[PDB]
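Novice: From just these sequences and the hints, can you work out the full model?
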Amino acid sequence: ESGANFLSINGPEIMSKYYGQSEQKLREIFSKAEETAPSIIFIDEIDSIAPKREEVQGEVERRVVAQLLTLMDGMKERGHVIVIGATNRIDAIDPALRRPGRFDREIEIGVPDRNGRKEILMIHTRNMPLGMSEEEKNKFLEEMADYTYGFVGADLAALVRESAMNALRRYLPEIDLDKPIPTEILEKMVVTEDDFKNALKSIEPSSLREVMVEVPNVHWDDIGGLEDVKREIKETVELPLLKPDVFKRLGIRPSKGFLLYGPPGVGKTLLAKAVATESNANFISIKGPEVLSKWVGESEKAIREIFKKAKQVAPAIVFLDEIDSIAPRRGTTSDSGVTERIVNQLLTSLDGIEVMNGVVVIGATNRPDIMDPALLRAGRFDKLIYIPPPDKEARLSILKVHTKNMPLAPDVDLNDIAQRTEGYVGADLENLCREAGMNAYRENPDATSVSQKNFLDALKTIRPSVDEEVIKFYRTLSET
Amino acid sequence: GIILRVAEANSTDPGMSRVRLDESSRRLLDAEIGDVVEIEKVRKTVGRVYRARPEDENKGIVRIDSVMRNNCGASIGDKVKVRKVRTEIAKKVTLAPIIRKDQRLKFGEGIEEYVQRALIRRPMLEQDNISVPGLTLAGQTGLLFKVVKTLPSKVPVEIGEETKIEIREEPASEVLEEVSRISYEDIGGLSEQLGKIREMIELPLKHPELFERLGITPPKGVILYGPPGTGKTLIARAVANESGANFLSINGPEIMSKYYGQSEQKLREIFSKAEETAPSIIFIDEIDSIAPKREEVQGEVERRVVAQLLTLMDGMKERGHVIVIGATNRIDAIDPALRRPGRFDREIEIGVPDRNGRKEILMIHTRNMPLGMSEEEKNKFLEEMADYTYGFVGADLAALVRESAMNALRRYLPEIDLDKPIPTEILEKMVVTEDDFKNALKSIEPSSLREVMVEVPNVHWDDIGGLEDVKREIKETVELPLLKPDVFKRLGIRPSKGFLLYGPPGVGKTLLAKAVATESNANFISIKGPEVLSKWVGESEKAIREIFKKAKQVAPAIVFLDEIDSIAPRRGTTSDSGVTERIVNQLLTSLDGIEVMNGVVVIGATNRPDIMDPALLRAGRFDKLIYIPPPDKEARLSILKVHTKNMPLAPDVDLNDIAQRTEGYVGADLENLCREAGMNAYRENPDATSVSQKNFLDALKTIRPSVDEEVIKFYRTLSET
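From first to last, the protein sequence lines are chains A and B.
In terms of the deposited numbering, the first sequence has 420 at position 174, counting the first letter as 1, and numbering is strictly consecutive.
In terms of the deposited numbering, the second sequence has 86 at position 81, counting the first letter as 1, and numbering is strictly consecutive.
In short, the hints are calculated from the structure, not lab data.
Since no wrong hints were added, every one of them can be taken at face value.
Straight line, CA to CA, 30 angstroms or less: simulated DSSO-like cross-link-like pairs of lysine-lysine:
| id | chain 1 | residue 1 | chain 2 | residue 2 |
| --- | --- | --- | --- | --- |
| 1 | A | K447 | B | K554 |
| 2 | B | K225 | B | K298 |
| 3 | B | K480 | A | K447 |
| 4 | A | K425 | B | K64 |
| 5 | B | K447 | B | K650 |
| 6 | A | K434 | B | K211 |
So the derived label-pair ranges between C-beta atoms look like this:
| id | chain 1 | residue 1 | chain 2 | residue 2 | range |
| --- | --- | --- | --- | --- | --- |
| 7 | B | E45 | A | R360 | 55 to 61 angstroms |
| 8 | A | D392 | B | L454 | 38 to 44 angstroms |
| 9 | A | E725 | B | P490 | 47 to 53 angstroms |
| 10 | A | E365 | B | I336 | 32 to 38 angstroms |
| 11 | A | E247 | B | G497 | 48 to 54 angstroms |
| 12 | A | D581 | B | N603 | 38 to 44 angstroms |
| 13 | A | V647 | B | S711 | 43 to 49 angstroms |
| 14 | A | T694 | B | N63 | 40 to 46 angstroms |
| 15 | B | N603 | A | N384 | 21 to 27 angstroms |
| 16 | B | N63 | A | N384 | 28 to 34 angstroms |
| 17 | B | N603 | A | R688 | 22 to 28 angstroms |
| 18 | A | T316 | B | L538 | 52 to 58 angstroms |
| 19 | A | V647 | B | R680 | 51 to 57 angstroms |
Beta carbons: idealized from backbone N, C-alpha and C, even for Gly.
Specialist: Written out as structure tokens, the structure is:
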């Protein structure tokens with residue numbers, strides 16, 4: 247678009263030029279920078295040029311970087327030229343490059359989102375006979391976007407090209423092997439979604455990316471009862487966004503966010519997942535199996551960057567669960583507050599992170615039973631939100647969410663089981679439909695079909711999950 | 006139409022011209038069985054074969070032998086014209102040696118013996134090269150003879166048993182397409198992978214304009230893995246044989262002999278021939294030597310040779326019509342920047358074989374010698390050699406049978422004929438008894454260093470005992486989602502991983518989960534404590550993440566994970582608490598992020614569970630417990646008859662009396678009681694405890710009753726809570 251000259255600093259030239267060949271080439275490509283001026287200088291070789299962590303890579307490595315520093319210093323900054331650089335990741339870069347007299351602005355290029363992937367796909371969408379408005383859903387990119395996770399343009403390009411061979415193997419080899427291209431084979435060329443789905447089942451997908459984000463699909467239509475917390479979640483999260491001129495009227499102090507407790511994923515993983523869609527904000531999940539991926543690949547230091555990552559992506563909610571689960575093993579922590587060496591990076595950050603931002607601190611756990619007395623204090627995790635077991639009116643609202651996808655018939659009565667059992671949580675209600683729903687109606691020849699007792703037969707096997715003592719333990723730990 | 010396909014012969018028919026043609030494929034040509042065939046194709050090269058019907062093959066293709074495709078130069082998917090012709094018989098045929106790299110050939114007699122019994126009524130023509138292996142692995146391989154003249158020349162002939170054979174021995178070369186080419190049938194290994202690797206370079210290398218920019222961008226680069234030179238490297242030179250293009254060889258001895266300034270110019274020198282020999286394929290097995298780089302200092306020559314190879318591929322527009330590929334020993338010893346664009350993109354991981362895949366690898370090395378498949382049904386068949394052998398490879402199997410050939414030598418050659426002239430009597434003496442291959446199994450030669458391996462079981466439900474309530478329940482979990490899914494969408498139930506087992510070690514529990522893998526005809530992936538203790542000692546605990554990704558391609562397969570959590574409680578207390586260990590969380594987090602709906606089935610087991618996480622009890626993870634009851638009388642009697650069917654039968658052993666008195670014995674005890682007391686059963690040995698029912702009762706008092714009502718009650722309390 248600029249129309250100016252483009253200088254190419256590439257791998258094969260710096261590898262083919264050894265001592266005395268590359269040293270003169272650095273001024274040679276810089277001599278064209280003054281001649282082709284105005285021109286832009288792009289270097290993707292920062293990984294090869296200046297990987298230096300300050301070790302000995304040899305004299306040629308220190309010579310090529312020291313010249314590139316003087317090549318930019320040899321310029322008054324006016325030939326009317328702009329030197330830029332690129333590298334694979336936040337690493338493999340010389341630390342002195344951030345010093346003045348040289349590269350100053352650093353623009354971090356991230357990854358796409360569900361909408362951002364559609365923009366990347368749209369580039370590679372049409373070499374072929376597909377459509378957006380002409381196929382509304384089946385061939386639209388969002389249906390391909392929701393299944394795909396952790397990809398990139400060239401990976402998507404090579405994936406569809408490999409998925410193009412699926413379109414070939416169903417057409418080209420067993421029909422026309424001829425070098426002359428027939429006119430009939432042209433109408434035969436289309437793309438069915440199965441070609442892109444077959445690559446999803448095959449092993450090609452791989453995600454090595456440490457830091458990733460996402461957004462949920464969950465709305466409040468699939469949510470059940472406990473509407474008391476519903477409007478309470480709106481109270482915490484949604485008020486500071488629209489209000490702040492009202493927030494300055496009352497003059498109340500700031501705060502981070504609430505915290506949840508209850509059996510795993512009953513509604514709790516779904517409830518905090520529902521609020522992100524309604525507010526139309528982003529969703530940042532920090533989870534135990536998600537963290538156990540971080541500190542194994544040395545990303546526990548990148549958790550500090552994830553903290554700084556949340557401020558640009560804001561408004562976004564931060565969802566942090568069971569990182570403290572590894573705290574008590576080194577030293578005893580419940581109300582004691584002796585945690586772990588990496589976890590204190592979570593603690594100290596929440597103390598020094600700026601408030602008033604679009605970030606919302608959220609946490610959850612089965613029974614809390616791991617915490618710090620500072621985590622109970624303000625500027626940090628805050629007043630507990632009690633998740634009650636769904637009542638009859640709440641269970642019936644949850645059961646109708648589970649049975650709307652399954653067929654409907656009088657054979658399944660939701661009233662009788664709701665009156666007898668007051669204590670089932672969200673996970674049990676979500677579990678009972680899983681295996682007994684396979685026994686519901688006809689999915690299979692077994693004789694337990696089309697009965698209400700199949701839910702009752704599994705009702706006796708599963709635990710009642712009615713514990714009055716742990717609910718009493720919640721009220722004692724909350725006030726104290 | 007007449008065009009019937011050529012393929013790689015599964016049943017080889019080591020006798021050439023015996024090529025398999027389907028009964029359904031021959032009725033399409035209206036040619037009956039057992040007639041002389043005339044194969045005519047482009048270039049006017051011809052050959053004759055004999056029709057014999059296989060079974061599993063369909064009419065879409067005709068599966069043809071390698072050498073008969075190597076005689077007509079046939080590539081998979083060519084065009085031929087075949088029809089039935091008149092039938093005649095030879096009279097006197099004259100043959101001549103083929104001398105190119107062979108350094109002359111066989112000297113002495115055997116012009117009748119070796120040729121005659123191997124003829125087996127081969128249809129052929131004058132000036133045709135016949136392949137006759139046999140008599141040994143070492144010194145005798147597939148060997149081609151140039152036929153000079155037969156009395157019924159150029160006419161269809163099947164050389165008979167009463168027809169003499171004359172060998173002129175006058176040195177000459179091949180008239181038609183001798184060896185130094187390796188066909189896909191001459192290749193052996195992973196089957197579907199062989200077709201998947203070739204299909205990307207298939208269409209471009211044949212013709213440039215057939216597939217060029219049409220479907221996609223052609224292959225940039227291909228990275229290969231596995232035993233580099235077991236015959237994986239032989240595939241490289243082999244692929245260039247069917248394509249007919251030039252094959253550039255980047256090898257170890259040249260890069261080692263060329264130091265600074267010699268190798269740097271040689272990189273452009275071999276690249277200069279790449280543009281001249283274009284179209285050509287570039288195979289590099291030196292990626293280990295060329296670019297081992299983990300980003301350390303190996304010296305300037307190491308960074309110079311890799312930086313040039315990057316620019317050598319960058320110096321090409323990607324069109325000289327050439328494809329550069331690479332190979333290395335393992336997933337390691339490779340430059341990390343090679344996965345960046347502008348360079349090698351496609352990476353095809355070459356794995357190891359299976360019980361069926363090993364038979365394909367063995368079939369390549371099966372015939373240099375006098376063995377057979379249909380002619381020996383079982384004793385010499387490859388599957389009997391496959392089940393005992395574990396963790397081998399083609400060259401290891403080749404050197405193993407060659408060392409096992411010395412077993413055939415030491416029983417014959419040294420103490421009989423040391424003479425340089427080869428007698429005619431020693432030729433009949435050459436056979437292979439299975440004991441030669443068994444003696445190498447007892448000897449120390451077998452070694453398996455391979456980290457990641459898979460397997461499949463032999464266990465069926467005929468050896469399984471009672472507890473049929475879990476039987477149909479195992480079918481409920483595993484077998485329903487495969488056939489049903491349009492029914493699965495009708496109910497709309499959520500997904501899930503799989504059940505979990507508990508009970509005394511290996512009672513039926515190791516056998517029960519081992520039986521389901523065979524019935525469903527799926528694969529079997531076992532993750533076990535002694536199997537894991539091999540993993541994290543050899544730094545394979547990171548490869549466990551790859552084993553997770555390994556399960557999706559091998560699917561449908563069940564994943565069987567036991568006692569990895571046994572090392573969890575030692576660092577911190579975990580039963581329902583859920584503080585496990587640093588490597589084990591890679592198991593946890595993966596099960597949370599692994600995609601459902603796949604053909605993988607999560608299975609686990611333990612003696613008493615007593616180690617777990619509260620997340621392992623929650624969904625998306627380990628699931629509802631399956632109680633294994635102790636076998637009852639009707640269950641024990643069904644288990645006891647499985648143990649005593651291999652042992653002799655007699656009224657001396659009564660299964661009814663011991664089944665009524667003892668209600669609590671588990672599967673391991675019932676499996677154990679027959680072990681030592683079965684040696685005391687009947688006459689295996691002089692001791693006086695023979696032929697009595699009390700020998701089972703004498704060991705019954707010594708062994709613990711294994712009746713615990715408290716642990717069964719502990720199961721019901723931990724299951725609901």
